[PDB]
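Consider the single chain below, provided in structure tokens and representing the form solved without the named molecule.
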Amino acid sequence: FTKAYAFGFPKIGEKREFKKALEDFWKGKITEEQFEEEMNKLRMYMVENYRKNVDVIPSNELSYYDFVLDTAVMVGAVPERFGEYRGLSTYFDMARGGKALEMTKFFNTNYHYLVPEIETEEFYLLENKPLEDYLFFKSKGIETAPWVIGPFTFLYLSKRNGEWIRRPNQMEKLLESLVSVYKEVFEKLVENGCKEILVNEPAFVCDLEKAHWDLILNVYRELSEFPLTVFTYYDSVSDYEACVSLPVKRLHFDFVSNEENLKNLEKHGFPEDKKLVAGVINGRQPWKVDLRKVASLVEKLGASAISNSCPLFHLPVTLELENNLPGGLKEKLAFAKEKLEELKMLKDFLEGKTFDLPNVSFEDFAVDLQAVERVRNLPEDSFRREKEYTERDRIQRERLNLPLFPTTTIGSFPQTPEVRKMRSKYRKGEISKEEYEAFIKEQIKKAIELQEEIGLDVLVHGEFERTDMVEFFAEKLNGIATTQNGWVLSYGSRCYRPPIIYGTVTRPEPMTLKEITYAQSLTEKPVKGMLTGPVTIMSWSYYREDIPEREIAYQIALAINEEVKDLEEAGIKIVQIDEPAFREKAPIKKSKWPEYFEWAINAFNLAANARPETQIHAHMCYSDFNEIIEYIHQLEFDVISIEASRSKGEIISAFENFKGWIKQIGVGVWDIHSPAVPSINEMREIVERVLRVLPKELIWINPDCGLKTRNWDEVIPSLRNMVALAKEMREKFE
């Protein structure tokens, strides 16, 4: 007998019933009772999928917005600004709106959770959702195992007075209080017949201190009387011996995202007093795997149970209807539903109920050797630009002829309903390619003339022809496919369809030349080429695992550099490369950052390997650069734009303290997440702060980030104020 587990199955539904329910309810289209009924249908669909494939059925997974927020509500962590917790009304206020909790990435994934704000030192059982869901399924004659976020990870993902609660001394006191509530929840479950509880502790894979583990041991000793099964994923646990010594009867390890868990288990063994649950089916990638190979790992480990490595919600629901993928790709893929079926196959095989498993091997599939070696024989010169910054700077400035404190923007422009409809009609084939392009040309012209009128120094074409930055390029690159319904939850009701890098990546034709060249033909002002970095493209896409990550990254980077070269040839003087994944794609373990940044840096530089006369702008809307400034410094950009409104310019500290910093900085002086129009005085405070140490010639003035989420009536007046401010600064520091 091989007990099979599974967790994190997508909640959105095959027809995206979840997204529609949430949105209809918010718009007032349906009632709370109707919203609930729809959610229960999804609940049944989920456990139905589980029941057909695995032995242990999870419950408490259908979150109405975020499971971390659900955990906070469970323990009473509701900020005072929300008043008494009413229910859904309060829940969504904490989730979205002007008073909502901060939203941030869940570990190193594309799912975003809500950051609990701990205002009190005493937790209490506000709502027992785990019990609620457990009883709901029991009433349907279905035994389930509540899926909950463990107490250590919960605090680890939370903040107290604006700071993370991550040091042992910051966690210790709160934990005793927190575990007491968990104890109450667990006791009630057991009293009601609950046989197993799935506790998620992914924080165990962070670079923890031995002091953290001392705290964790004490936490679980207090919960040793409950039927707990602890899961860890996204990487190897930070202290194997300490982890396996925890007083829990069942322990799960992710044997997919890392090799350390296995090596450590082979070297130190695994306790006889507890059972191992082998996470052997990947939840982060959509590739079919040779179940005979997986089977051998499980057999060597003598593991009594199996399951996916990490939550399945990082994958789309089903591959079933994906019948328009490039030839041969569909047969090598497997989404959430198929991953569950793989666990069933593995279970049956391991129990001798079957003696055969489908063969899986496609190493040569979609592999373009000529392009591969083009990257494998990479000579240093493709990673370092011809001349050093100081020399390039001299050449660029004489070429650009820009004033002190030049102004520009750094992203998309707002998209009217008309722009959206045209893109729609185009995708549906309602209109021709020539027709769509003509429309785009019109929007670009209007945008260019508007910037001219407003008085900006460096212009952008608006990107009215793009929706998702990564999808835009994925559709133009060979080796990358896009799905029709491969939806994956990002947060709340927001879903995205990750592209699939299934083979060697190359750029067959120019991807952005027509729009950029056209925009530039309308003005004497320099117009920016706008591209997305290599690491960002793969960060938002699924990709082959039988090739090192850095190779895929360099392949993409080379393709991007070809675009850069075509832009240069076309006379484009400035090229911006947005690489938000530079930090966002970094390992959860900062101890693994050296190896990661080595190639992330090389990938960007390969993509940005432009002629000395070509000004390269790197763009990243990070809230702080203190922990990565040393890596940033190795990127061969000429200008780097940052968001400085939130910190009122204090984010500049990482730059003024970097000895030898001499590159230009595009200072964001306007928060594009607010409809409010920044006053000239507000922006002035920011620029003045930035000018405290750094020389004035390094500074550019621009908005914080893209503008596509704002309306024109907000953008125009803010842009004019930005120009007015820059003009003022020039007179002052003339």
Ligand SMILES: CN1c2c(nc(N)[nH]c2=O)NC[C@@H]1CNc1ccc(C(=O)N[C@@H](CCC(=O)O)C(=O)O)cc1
Second form
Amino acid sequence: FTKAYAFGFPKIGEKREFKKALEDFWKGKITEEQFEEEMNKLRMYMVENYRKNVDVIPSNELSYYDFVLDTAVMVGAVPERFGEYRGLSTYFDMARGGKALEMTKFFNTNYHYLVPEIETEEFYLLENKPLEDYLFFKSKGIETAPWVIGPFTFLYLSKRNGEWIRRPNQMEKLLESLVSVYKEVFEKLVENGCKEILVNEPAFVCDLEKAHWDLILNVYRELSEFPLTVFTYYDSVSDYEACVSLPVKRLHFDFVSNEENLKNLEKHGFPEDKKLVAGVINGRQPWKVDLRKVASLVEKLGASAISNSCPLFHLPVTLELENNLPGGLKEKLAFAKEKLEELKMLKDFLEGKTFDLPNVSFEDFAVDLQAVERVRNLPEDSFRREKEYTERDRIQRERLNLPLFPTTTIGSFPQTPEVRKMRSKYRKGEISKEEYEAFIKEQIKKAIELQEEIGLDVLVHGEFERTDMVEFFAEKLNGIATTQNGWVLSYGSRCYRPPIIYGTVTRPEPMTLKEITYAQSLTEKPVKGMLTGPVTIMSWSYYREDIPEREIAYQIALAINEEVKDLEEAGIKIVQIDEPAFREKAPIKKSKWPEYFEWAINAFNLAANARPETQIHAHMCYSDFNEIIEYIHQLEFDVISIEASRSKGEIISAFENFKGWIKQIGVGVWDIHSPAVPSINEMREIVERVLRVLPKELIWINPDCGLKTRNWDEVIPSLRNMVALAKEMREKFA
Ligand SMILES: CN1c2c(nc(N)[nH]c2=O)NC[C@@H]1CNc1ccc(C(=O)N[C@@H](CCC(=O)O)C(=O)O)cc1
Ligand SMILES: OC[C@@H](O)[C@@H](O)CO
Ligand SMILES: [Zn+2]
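If the structure you just shared is the form solved without the named molecule, then what does the corresponding form solved in complex with the named molecule look like?
Below is the whole assembly, all chains and molecules, this chain first.
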């Protein structure tokens, strides 16, 4: 007998029923009851999928917005500003709206959670959702195992006084009070018959201190009386010996995303006092695996229980109706529903119930020898611009003849319902491409004119033809495929359909040329080329595992570089390469950062390798540059724009203190996440802070980020004040 486990199965339903229900409720289209009944169908849909494939069925997985927020509600972490928790009404105020909690990335994944704000040092059992959901399935005669966020990881994901609660001294006191509530929750589940509880402590995979592990042993020592199974994933655990020594009867490890866990089990063994749960089915990638090989690994591991490596909610629900993918691909793929089915076949195999497992051995599958070699043979000169910055700067400044404190925008412009509708019609064939492109050139023509009237120095074409900064390029790249229903939960009710890099990436034809070229031909001021970095394109989509990441990134980098060259040949003087994944795709363990940035930097520069006369701009959304400034300094851009409105310029600190800094900085002086219009006096404060040490010739004035989420009547005013501020500054220093 091989006990099979599974967790994180998508909650969105096969037709985004979850999305429709959430939004129907917020609109007031359905009652809270109808909403609840809709959620209950999803519960049954999820539970029946588990029932048909694994032995342990999870409960408490259908979060109405976020499971970390759910955890916060359970332990009473509800900030004073929300008043008395009334229920769903209060819950959704914490999740969305003007008083909502902060939203941030859940580890190195594309899912986003809500950061709890701990205002009091004492926790209490406010609502026992684990017990609720448990009983619900019990009504249906289904025994389930509550899925919960462990106490350590909960605190690790939360903030106090706006700061991470990640230091042992910061957690100690809190942990004692907190564990108490978990103790109540667990004691109530066991009283009602709960036989097993799934605890998630993914934070165990972060670069922890021996001091953290003393705390962890402490916490779980107080919970040893309960039937707990601990899960860890996304990377190897920071201290193997300490972790397997925890007083828990069963431990789960991620044996897919890292090779460290295996080597440690091989070196130190595994305690015969507990049971190993081998997470051997990838939960972040969509590929079929040779189950024969996975089977031998399980035997090697000595485990008698299996499961997916990490949560399955990073994958689409099912591959069943994906019948329009490139030839041969579908046979190599496998989504959430298929992974579940993979654990069943693995279970039957190991138990000797079946002696036949599928082939799955794609190797020479969709490969372009010419392009693969064309990348592997790249000379050192491929990652370095012909001339150092100082020289490129003079050439560029003479070619652009820009005034002091020039102004510009980061990229996307608001897309009124009219352009939003037109894209729909086009997508549905309700319009002719010939007429669609004509509609775009119309929005572009209008945008260019509006920018000149306002007084901007460097213009952008608006990006009206782009919905997603990755999807747009992914759809024009060979070796990449797009699904029809592969929706993955990004956060709340927002879903993304990540592309699939299944083969050697190459760019068969110009991707943005017509739009840029057109916009430039409407004015004499410079218009920015708009490109997405290689790492970001890769990071937002799924990709082949049988080859090193860096290779795939370099392949995409090549494609992007060819585009940069076409832009130069076509006369574009400024090209921007937005690489938000630069820091987001970095390993969870900062200790593994040096290796990663080595090839991330290379990938960016290979793509950004433009002629010296071409000014390269790079936009970084990050709120702090202290921990990556050393890596950023190796990127060969000529201008970097940051978001300085929130910190009111204080974010420039990382740059001031970086001895030798000399590149231009686009100072974001307007928080585009707010509808308000910042005053000239407000933007001025920011620009004055940045001019405290850095030479005034380095400064560019621009908005924090893209404007696609704003309204034209908020943009115009703001842009106008921005230009005005530019003129005032330019008169005080010239
Ligand atoms: C991978 N994501 C990502 C990112 N930005 C960063 N920095 N990192 C990321 O990982 N931007 C896109 C996406 C997360 N953000 C979003 C934002 C909105 C929607 C959204 O509203 N999606 C629509 C469908 C949009 C369409 O028509 O394609 C939805 O209702 O699901 C999805 C994801
Ligand atoms: O080390 C991972 C941490 O920085 C966060 O991304 C966890 O969500
Ligand atoms: Zn940004």
